[PDB]
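Listed next as structure tokens is one chain, alone, in the form deposited without the ligand.
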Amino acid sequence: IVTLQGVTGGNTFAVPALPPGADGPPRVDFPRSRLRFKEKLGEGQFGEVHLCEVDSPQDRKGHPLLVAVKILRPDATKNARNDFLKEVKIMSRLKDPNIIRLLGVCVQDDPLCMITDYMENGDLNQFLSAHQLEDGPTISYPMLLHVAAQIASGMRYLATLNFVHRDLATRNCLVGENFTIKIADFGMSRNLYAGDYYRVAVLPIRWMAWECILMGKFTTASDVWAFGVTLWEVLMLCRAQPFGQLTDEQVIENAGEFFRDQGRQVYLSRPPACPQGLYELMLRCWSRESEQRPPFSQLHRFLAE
């Protein structure tokens, strides 16, 4: 019923009817000549996402600035251009330390470009999956909770705006110096994460709540379910895929069992690094009834303290 993929490949947010801006993007277009291509993160139907460096960004500090660049095709239809510009207005509202920010745009010419901040160490799945827990590089358990706490605060902020992410996961959490986290939305565009999506729509079924799969009902409570799975990833140091032993069909089968709720379902097991109390809170995010799932305000309080 619902497609989540945006025009340039990434996933889009579910947003209320937004008042016209009267906050917003920069009034001046970003000089394209200042974008040095580095890599192609992913692609969509009418565009692509690039990683680019920027020299002398005054117009981490000493090194060059990494940025993601959404690029619409020059031959994009008027509907595609309107969709891209809907994404712009949404990303222009995002102003939080743990959320990516719209840094510039290139509208007055072709192709349409969206410049957003990008973190130094790429996404958290690739970075964390190489670490091991302290008794390759190592990470402490307090630093893990520090990562999870930032993700909670990011969603808490999105919750205050009535935004719904609909594709939260470690692959959409960007990491930089000192385990600074910024939530983003590029993973859906990446070949590297195809296994995380089921073709139909193309959906991240392993992170979706049962009502997203069986009714297409995405809400803040369904982002809490995804945050539950994401927290599980972090405490597993991103070593395995959620329900990785199951096929994509068995994952939909399992969603029906969450709905039937007769004990035939299976939940993710407690990660070795996870205390009992944190696992219990993790399980509350997977409650059958949306209302029984914790709010991000309460998740942020537990993880920060």
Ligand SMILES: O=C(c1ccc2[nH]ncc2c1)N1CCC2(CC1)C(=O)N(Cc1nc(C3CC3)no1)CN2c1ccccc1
The other form holds:
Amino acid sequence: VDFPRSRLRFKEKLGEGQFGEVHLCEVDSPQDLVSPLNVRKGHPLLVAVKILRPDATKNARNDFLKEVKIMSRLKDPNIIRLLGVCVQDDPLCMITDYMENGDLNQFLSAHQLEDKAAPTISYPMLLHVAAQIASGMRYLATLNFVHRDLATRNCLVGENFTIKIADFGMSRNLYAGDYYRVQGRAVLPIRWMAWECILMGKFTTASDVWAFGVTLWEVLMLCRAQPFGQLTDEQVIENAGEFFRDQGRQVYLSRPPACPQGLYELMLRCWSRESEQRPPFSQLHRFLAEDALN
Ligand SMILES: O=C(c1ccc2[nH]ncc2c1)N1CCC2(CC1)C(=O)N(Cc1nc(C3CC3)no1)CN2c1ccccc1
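With the form deposited without the ligand done, generate the form deposited with the ligand bound in the same format.
Below: every chain and molecule of the assembly, starting with the one above.
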């Protein structure tokens, strides 16, 4: 059942993509449509809508139709959700919740750790942000779904520090420095990648755990610094080789200022050479949710 396209009212542009756009839209007369949405009375219902340009290539339309298939199965509080589609006619549309605070890298960058002595954020809230990401990945693991590009730039933030995992792709200018590009090869977020992904292209739930470790390091750094930021792309790839050789010469991300040694030891577990020794997301969530409880 197509969402009624006529009820979508443009407001502003959230994203310029290569073959489409993401727009912020209001939903005209929202009460008629509620079954999958929830709207407070007398307030504007805002949604994000990904629209395929109606003259986009056949390749682009194919990729869009597959993304609809993938999005359709995602049903978890910490993964973005498909509210509806308009695909029986053109332009093809997907609809999702509006997350008013944008991506998590930009959001956290504007905050400082609160000073007990005295926009800020507390240590327990940082853990709450991290645990929501772990819960989202826990869900994806039960689907045997491998993300392949977990990073704070790919998470969205709503009200009250709620987090949802997304996947923007790798084309945004703002994050060009986070990807390694070689002609004729896949574009690769090497600073977030397990050693076996870099050397063999093997992406698994276990390499998603490695990437979660880096993502947790980002959060505890308040997104103030790039992983391995003082090293070149070449040195990061060479480091992957040192994990393989296993002669004690591989290096790790350092402990953030806001990060206690216990939590750092969890990050190091996420970066275990052997993929089967890395913790499952069910245990990562538990650790982080306990600590954030008090
Ligand atoms: O530009 C934005 C954006 C910016 C600011 C915003 N604030 N509030 C909302 C919002 C949206 N994007 C984020 C959402 C987006 C398009 C890019 C996306 O990363 N998609 C692919 C995807 N795959 C997965 C699976 C791994 C879980 N999750 O997402 C699909 N997806 C999307 C967007 C709109 C409707 C339907 C899908």
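If you superpose the two forms and keep the largest set of C-alpha atoms that fall within 1.5 Å, you have the rigid core. Residue numbers count along the first chain shown, from 1.
Given that two rigid parts of the chain turn against each other between the two forms, choose the hinge position from 87, 167, 70, 227.
The hinge residue here is 87.
Angle of the smaller rigid part's turn relative to the larger between the two forms, in °?
Rotation of the smaller rigid body relative to the larger: 15 degrees.
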